[PDB]
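Visitor: Okay, here's what each chain looks like letter by letter:
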Amino acid sequence: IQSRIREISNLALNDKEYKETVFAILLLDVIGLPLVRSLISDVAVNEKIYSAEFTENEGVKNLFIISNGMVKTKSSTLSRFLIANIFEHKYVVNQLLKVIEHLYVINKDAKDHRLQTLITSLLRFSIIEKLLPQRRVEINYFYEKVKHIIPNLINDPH
Amino acid sequence: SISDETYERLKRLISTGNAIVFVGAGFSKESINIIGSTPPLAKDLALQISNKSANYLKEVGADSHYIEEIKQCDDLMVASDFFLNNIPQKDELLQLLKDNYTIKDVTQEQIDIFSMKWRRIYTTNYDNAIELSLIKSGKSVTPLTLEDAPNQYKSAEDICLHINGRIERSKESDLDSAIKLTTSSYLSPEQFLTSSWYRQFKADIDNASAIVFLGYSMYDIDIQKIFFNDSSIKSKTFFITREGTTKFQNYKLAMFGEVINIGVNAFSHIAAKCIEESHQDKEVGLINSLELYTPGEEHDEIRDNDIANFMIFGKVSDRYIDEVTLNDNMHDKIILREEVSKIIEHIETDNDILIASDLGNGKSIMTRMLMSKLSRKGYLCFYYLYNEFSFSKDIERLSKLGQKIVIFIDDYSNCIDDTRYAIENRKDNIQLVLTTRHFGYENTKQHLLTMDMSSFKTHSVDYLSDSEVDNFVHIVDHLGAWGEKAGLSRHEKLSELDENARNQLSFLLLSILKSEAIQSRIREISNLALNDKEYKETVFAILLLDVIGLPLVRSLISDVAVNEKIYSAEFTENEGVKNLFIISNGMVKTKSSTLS
Amino acid sequence: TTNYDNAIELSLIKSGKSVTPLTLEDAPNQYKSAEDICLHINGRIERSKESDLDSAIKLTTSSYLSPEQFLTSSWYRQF
Amino acid sequence: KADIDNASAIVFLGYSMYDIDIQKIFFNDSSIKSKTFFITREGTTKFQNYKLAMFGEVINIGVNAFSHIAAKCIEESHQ
Ligand SMILES: Nc1ncnc2c1ncn2[C@@H]1O[C@H](COP(=O)(O)OP(=O)(O)OP(=O)(O)O)[C@@H](O)[C@H]1O
Ligand SMILES: [Mg+2]
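Those protein sequences? They're chains P, A, G and R, same order as listed. The first sequence maps to residues 534 to 691 in the entry's author numbering. The second sequence maps to residues 17 to 612 in the entry's author numbering. The third sequence maps to residues 139 to 217 in the entry's author numbering. The fourth sequence maps to residues 218 to 296 in the entry's author numbering.
Quick caveat, the hints were computed from the structure, so don't treat them as lab data. Think of the CB as a built atom: it goes at the ideal place given N, C-alpha and C, for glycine as much as any other residue. A few of these clues could be false.
Claimed, not checked - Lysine-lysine pairs mimicking DSS-like chemistry, simulated, CA-CA at most 30 Å apart:
(1) A:473 - A:461
(2) R:268 - A:106
(3) A:473 - P:631
(4) A:241 - R:268
Stated by the list, open to error - The following residues of chain R were derived to be distant from chain A, with all beta-carbon distances above 10 Å:
(5) 222
(6) 233
(7) 260
(8) 271
(9) 279
(10) 296
All chains should be built: construct the whole structure from the sequences, respecting the hints.
Guide: Here it is as structure tokens:
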């Protein structure tokens, strides 16, 4: 099976935007937020979800159950396998840092509650351990760089 | 001869400046070439190339009977094919073509006839008489061939298109397919039908005021097949032939339009009269298939009965929409969808909009609200009317304007041909808004993904937020249609609905206000599915298995349906079976309990 | 030539001589046996499209810094 | 198309090949060229039938001579 999943995932994850959007879908499903097109646009840091050619890809159709253009996951045992094995840890930590910076950067104006709870939910250790399982160096690097991305975190005991 | 009323009709049609000329062999009969003579016809050229090949075979030393039987061969196609397939020196054939088809000087009638303003120029010549005649007369020209993409030259003018090729920058290998000389070239899979310029040619001869053929002998069969069928095209075309020709000689041409046997010489004088008026004419015309949306100018009172009509019975006026648009605090009269602002922000950045939704979840009303707001922002919004008038003429007249334009099309699956043309030949200052149901979108996926959809933003209005649920129940609270349920809180009220039907406007309307309009829509869609007894039995079996609660399985469905239609692949491609049961990978599941 | 106009071509045509004008987007092997090569190094006007101003017609300060130039073309060896 | 794909050989009896569609069918391929035989009239030079030679092998013997081949081959075809 793993070989089948790898072959059918390499047919979509080779593009940069497709990889970012797929990672955004997996990340928001991991946190538990609703999979809304406008919010997945902010998490994915592009607007490829609005194109009509995203939902007709091999990887997107073969890994996610699509229905009337919407995207939802198949099961947790495939999403967590994708997160652990198909996405490298070194990609995951860097993309997490990028989206954490960008959310704040565009949230300093709009003041949306969903972005705020997204940011304070990414900082929790349970999600990070569910995203980077038993990786000491990457977890340490992420925790030591999040305080330098945004300077208000030092005053927060959370 | 040719009558005076035909003269007046021709002058009036050519003075518009939207005429199209088709140039043939007879136009450049008087020109002169590099070797200082009139360009030759097929007979002389065939004799020359046969003589050349026979001289080569005499040099190699073949029998004299073969030479004497090849020399008298005056068929251009067979002689050229034999030369290219047996004789190895094709460089001198290309040199002979360049010598014979390079015009050095033109006459004055050609200058006067090509100093007009046309829509587009089409020709079947090899020479450069037309390009020389356009420069000399004070106008630019960019020639092309069938091997050029028309989308790159969209904004260019003075497009002189050569159909059977050109010799000006022809290479050695172009004789096989590009230049239509041999029998092998005419049989190639690459022809005028397969080229992308064919659709452009059809649109041009559909859109033009009149079409003029200059000395065309009507040899090609594809143009004959284009022009034979229709009659509205025949009423616009004209043919120009040489003098001293009887009607029976022009009988072949007469089946495709009027025949005027005066020659290019006499048409040059008409061109001399019409040149000054050709460049001046301009008219905004009238737009027939698209009505210009205009905002409200007066304040009308809104009465409860209007609230009841809009909420339940589906009847509303555009004055109501314009009134709820100007003031955003009036939540007791309309539901404010959050997608309108996103859609507006997308349309301000040169992006097309495609809206897809389920049955009756607020799509046409969203289109009307968008139309009302975008004119206030400063655009021009046109609503597509399902009329019998043309659409290419109207989009052309819209392009001739100079304002920012948004065009709205509702339920495009019923006008897929026009909606295609719209995405095929869209201009720079015209955006598109297309709305459709899910079934209509999925039935036309293969007709649209082949084009450029990178400029389209896809939106779905199927679901709302909890704030909009609160707004809806606030509207009903102001209406007071709860009855005995008004005492209970928010949670109790909607306790009888399913999770996903709660977040859809159609099921909310049917469950709370019992909108008859939605009932009529459901009856209309389900009638076309439940007409057959087999499908009726299968649908009733699915509903029975759901109200029991036991899971759905193909064998069980077939057992309780007293048939085997569930095994057929056409059961899940019906109208009602798709619009009433959500399907996924061929399986059938129901939407919600309040629908079943 | 370096001009973008058609004076050379009109002069050749008016003197009883043919011409095949090209640019740097043509390969030399397809025109190996050709004669009267009027190669326009900078560009051409006669059938220029809208995208030819960026790199094909050398006029702007961006069309002089593009990776495609006279050196990297296939006509450099021929010249 | 399927019949000329599955057959053993294709025989033309006095066909001048006037229609353009059979011409477009038979001109492209080369495997169909090996199985195609054209039967034309007697007393014809090679050139008089150069057009037919492009699509397959041509035999200038007529139906008159083909009758003898049919009479010699009939008893084997049914067997
Ligand atoms: N913005 C809105 N605010 C309040 N009610 C609305 C709104 N939009 C739609 N409705 C209600 O929904 C009903 C059906 O909406 P509408 O006719 O626009 O559906 P639709 O999706 O365009 O239809 P169809 O898909 O069948 O073409 C209307 O009669 C109206 O009562
Ligand atoms: Mg509608």
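Visitor: For each hint, tell me whether it holds in the structure or not.
Guide: Hints and how they fare:
no. : hint          : in the structure
1   : A:473 - A:461 : holds (15 Å)
2   : R:268 - A:106 : holds (21 Å)
3   : A:473 - P:631 : holds (25 Å)
4   : A:241 - R:268 : holds (26 Å)
5   : 222           : holds (18 Å)
6   : 233           : holds (14 Å)
7   : 260           : holds (14 Å)
8   : 271           : violated (8 Å)
9   : 279           : holds (22 Å)
10  : 296           : holds (40 Å)
Comparing the model with each earlier hint shows a violation of hint 8 alone; every other hint is respected.
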